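Participant: One letter stands for each residue in the lines below.
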Amino acid sequence: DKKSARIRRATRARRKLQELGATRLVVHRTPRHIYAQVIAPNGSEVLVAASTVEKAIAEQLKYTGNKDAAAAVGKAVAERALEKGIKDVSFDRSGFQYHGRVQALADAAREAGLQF
Amino acid sequence: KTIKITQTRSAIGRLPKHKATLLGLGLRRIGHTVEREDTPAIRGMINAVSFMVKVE
Amino acid sequence: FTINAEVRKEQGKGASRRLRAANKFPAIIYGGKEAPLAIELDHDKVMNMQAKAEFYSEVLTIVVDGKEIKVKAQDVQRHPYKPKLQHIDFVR
Amino acid sequence: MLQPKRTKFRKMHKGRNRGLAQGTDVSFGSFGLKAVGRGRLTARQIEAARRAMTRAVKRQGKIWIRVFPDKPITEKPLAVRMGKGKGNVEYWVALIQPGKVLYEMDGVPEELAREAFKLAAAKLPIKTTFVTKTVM
Amino acid sequence: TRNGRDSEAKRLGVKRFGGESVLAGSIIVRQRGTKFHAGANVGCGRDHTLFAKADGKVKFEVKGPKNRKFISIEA
RNA sequence: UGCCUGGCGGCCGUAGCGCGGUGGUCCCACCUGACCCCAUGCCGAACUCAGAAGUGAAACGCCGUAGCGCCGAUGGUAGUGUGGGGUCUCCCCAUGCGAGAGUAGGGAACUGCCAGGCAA
RNA sequence: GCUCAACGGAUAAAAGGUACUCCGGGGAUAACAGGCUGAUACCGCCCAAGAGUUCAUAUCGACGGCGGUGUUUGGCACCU
RNA sequence: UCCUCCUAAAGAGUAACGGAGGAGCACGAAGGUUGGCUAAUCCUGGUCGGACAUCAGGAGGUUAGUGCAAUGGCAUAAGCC
RNA sequence: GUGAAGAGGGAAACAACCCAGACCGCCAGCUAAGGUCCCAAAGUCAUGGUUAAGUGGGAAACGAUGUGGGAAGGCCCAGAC
Ligand SMILES: [Mg+2]
Ligand SMILES: [Mg+2]
Ligand SMILES: [Mg+2]
Ligand SMILES: [Mg+2]
Ligand SMILES: [Mg+2]
Ligand SMILES: [Mg+2]
Ligand SMILES: [Mg+2]
Ligand SMILES: [Mg+2]
Ligand SMILES: [Mg+2]
Ligand SMILES: [Mg+2]
Ligand SMILES: [Mg+2]
Ligand SMILES: [Mg+2]
Ligand SMILES: [Mg+2]
Ligand SMILES: [Mg+2]
Ligand SMILES: [Mg+2]
Ligand SMILES: [Mg+2]
Ligand SMILES: [Mg+2]
Ligand SMILES: [Mg+2]
Ligand SMILES: [Mg+2]
Ligand SMILES: [Mg+2]
Ligand SMILES: [Mg+2]
Ligand SMILES: [Mg+2]
Ligand SMILES: [Mg+2]
Ligand SMILES: [Mg+2]
Ligand SMILES: [Mg+2]
Ligand SMILES: [Mg+2]
Ligand SMILES: [Mg+2]
Ligand SMILES: [Mg+2]
Ligand SMILES: [Mg+2]
Ligand SMILES: [Mg+2]
Ligand SMILES: [Mg+2]
Ligand SMILES: [Mg+2]
Ligand SMILES: [Mg+2]
Ligand SMILES: [Mg+2]
Ligand SMILES: [Mg+2]
Ligand SMILES: [Mg+2]
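Residue numbers (the entry's author numbering), protein chains in the order written: chain O, 2 to 117; chain Z, 2 to 57; chain V, 2 to 93; chain M, 1 to 136; chain W, 6 to 80.
Keep in mind the hints are simulated off the structure, nothing from the lab. All C-beta atoms in this analysis are idealised placements derived from N, C-alpha and C, irrespective of residue type, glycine included. Please note that a few of the clues may not be correct.
Quick list of simulated restraints, FRET-style, between CB atoms [stated by the list, open to error]:
id, chain 1, residue 1, chain 2, residue 2, range
1, W, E13, O, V47, 49 to 57 Å
2, Z, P17, W, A29, 31 to 39 Å
3, W, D60, O, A113, 37 to 45 Å
All chains, full assembly: derive it from the sequences and hints.
Facilitator: So this is what it looks like as structure tokens:
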């Protein structure tokens, strides 16, 4: 069972980060598709959300689940987040090891404008 | 509405609490008709020393 | 197997013991969608009624304020050493 | 002579024999010997009572013992002063409250039952009574 | 006799109880293992000691999947 | 509007197990291979990347089931604060408070923020 | 730089005898006797497995139990 | 002298020549941090190999582990690389 | 809590038990514990029962047609003990 191993891997960062009261950028990498969303410090309501599941994003891209797509999501989070009125957030990788698609998302997020 | 309290026993071999409660009611010595207004507190203070007091 | 039983008004340790020391003892009826009803009843009768086995199986028609309630004796609290009943749990 | 086969601790506090017992109903057998009075049975008394019971009802009649000592009693040696440690363990005792069923018995008549328990009850220090298992 | 030794007592337990107002830095609970856990505006010292990280009143609660006593502060 | 999934919670067992089925239009899950980025203290099993032929087999989600765990009165019982009394290694009475255990029953949950796709 | 461990460390440095004794005190603390207690002791009883040719109870009486006395060995240290 | 449990009467504290146990250190990795893993004990199979070495799965699930006593802790692991 | 450091009344006498806290006086009254036939202040008081042991006015296991109370079941006019 992967999921339950990934949750307890991700719990420390979550509990540590929610204690400070930081607006956190949560990411969920799937084998096909990738999800990203900014959650309020209370940990209840989503401020901004973005993924390759949206047809506006999917019609432009070639394949939905790679670095050059995750970068385009990471950009789309940053472009919305500035319009909504957000700038300072904290990245929550959520068990997924920071290296590939998530790094391509993060780099694309902080290259675009979002501040973390 | 008033309630006339009286002391009917000694305050000698009593507990510090019960020596205090009489001090709160204003019962100095045996045979002392005091009058206090009826409240939830005062009835609690009577009830706390019910043995050594009387209501009128 | 009819027993004339009274409804309680006082209840608690102080009441239960004053009752239990008067050739009577407390019991209770419950079960179904109806409300649970507390019972005062005579000791001497119910002490003799439980001699037979039928008491712990058959239906008992307990008479209360005219009305006959059909019940079965679920549980009973024996007195620690003396041969006597402290409490009965009747089920409807 | 009954005794705990190994324990956590050697010496135990005196405590206080208080309240009422739990093993009140006759569980296994048909008849039993209930303790009316308060007290404490030694390991010797239980054996001594069991011997007198078993011998009264012959080979037949199954017996159960509900009590077990598991509480070591100390004693100071003779001609020794107070203090200087706690005394050494002499005998073991079960504390007995009112309404503790001590012994049970099954596979005999009520006529021959009571006569067995009357012999046992004489060996014990506690005031006792005969009791019967009832259907609920 | 191979007995008659004992340590000095520590003065452990709770010092500030539910609803009591505390100042930043005040010790709330002084315990050995984390029997109480740090919540909002509470830290945990190297001695497993729960102390206020802000001014306000003490709130004892029970939360989490495994069900543990969390201490928190709200101003 | 509902019917479904996904993440994120809240609530921390009436919410969890064992059984009984059921989902693949998307969705997720195996899956698919491994110039590559990265990976193994041996291993693409794990993490990772490139993917889109398959099956919903494992896992999951949902529906139904009490076979369990769990929740749980009313009444009584133990205990006990205060003041008395006794036959005073322990009990009893007035007056508060009042368990645990147990029983009748309830019970396989319940709801927030966005994101898709199907009947409109 | 100290088992200053007699661990708030009296000195850097310290064991014994006294029936040859002495002074100051103490019934704050022992020996004798008294007191309180009664484990022990001694004296009774309860149960009755057996002994007693047979038959527990003429005489005995295991295993255990319940008392009395203040006659032992003691405990306590209340009087001196 | 110091530490842990009980005595200790559900805040702290609490005596006895009361009941049980320990310490007079250890470590430049056994500290720091970042990424990943999760135990005991059984069961069945398998060369030398047996009740027990190493391997594979399944049951159990934290009955382990925590540099040294006991207590209170620990899966977000304070456990293990 | 009391004594110590608190007298007084009661428990025959009895620091610590029960009742109650003495500023001084009075040949006044009402009460607490405890009492009320005589020593010795006050009920040979009233109502219905218990005890016959001088219990009351030291005590256990255990023993026994001692005696006073309710509640059920056993047997009779085919006439029981
Ligand atoms: Mg008094
Ligand atoms: Mg109540
Ligand atoms: Mg101490
Ligand atoms: Mg300490
Ligand atoms: Mg399936
Ligand atoms: Mg209740
Ligand atoms: Mg309950
Ligand atoms: Mg010193
Ligand atoms: Mg010191
Ligand atoms: Mg000479
Ligand atoms: Mg000289
Ligand atoms: Mg001299
Ligand atoms: Mg002296
Ligand atoms: Mg003296
Ligand atoms: Mg002295
Ligand atoms: Mg001295
Ligand atoms: Mg002497
Ligand atoms: Mg003498
Ligand atoms: Mg002597
Ligand atoms: Mg002495
Ligand atoms: Mg002394
Ligand atoms: Mg003298
Ligand atoms: Mg304490
Ligand atoms: Mg306390
Ligand atoms: Mg000590
Ligand atoms: Mg880590
Ligand atoms: Mg570490
Ligand atoms: Mg003095
Ligand atoms: Mg007088
Ligand atoms: Mg006099
Ligand atoms: Mg005296
Ligand atoms: Mg007294
Ligand atoms: Mg009195
Ligand atoms: Mg008189
Ligand atoms: Mg005179
Ligand atoms: Mg007179």
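Participant: Going back to the hint list, which numbers does this structure go against?
Facilitator: Every hint satisfied by this model.
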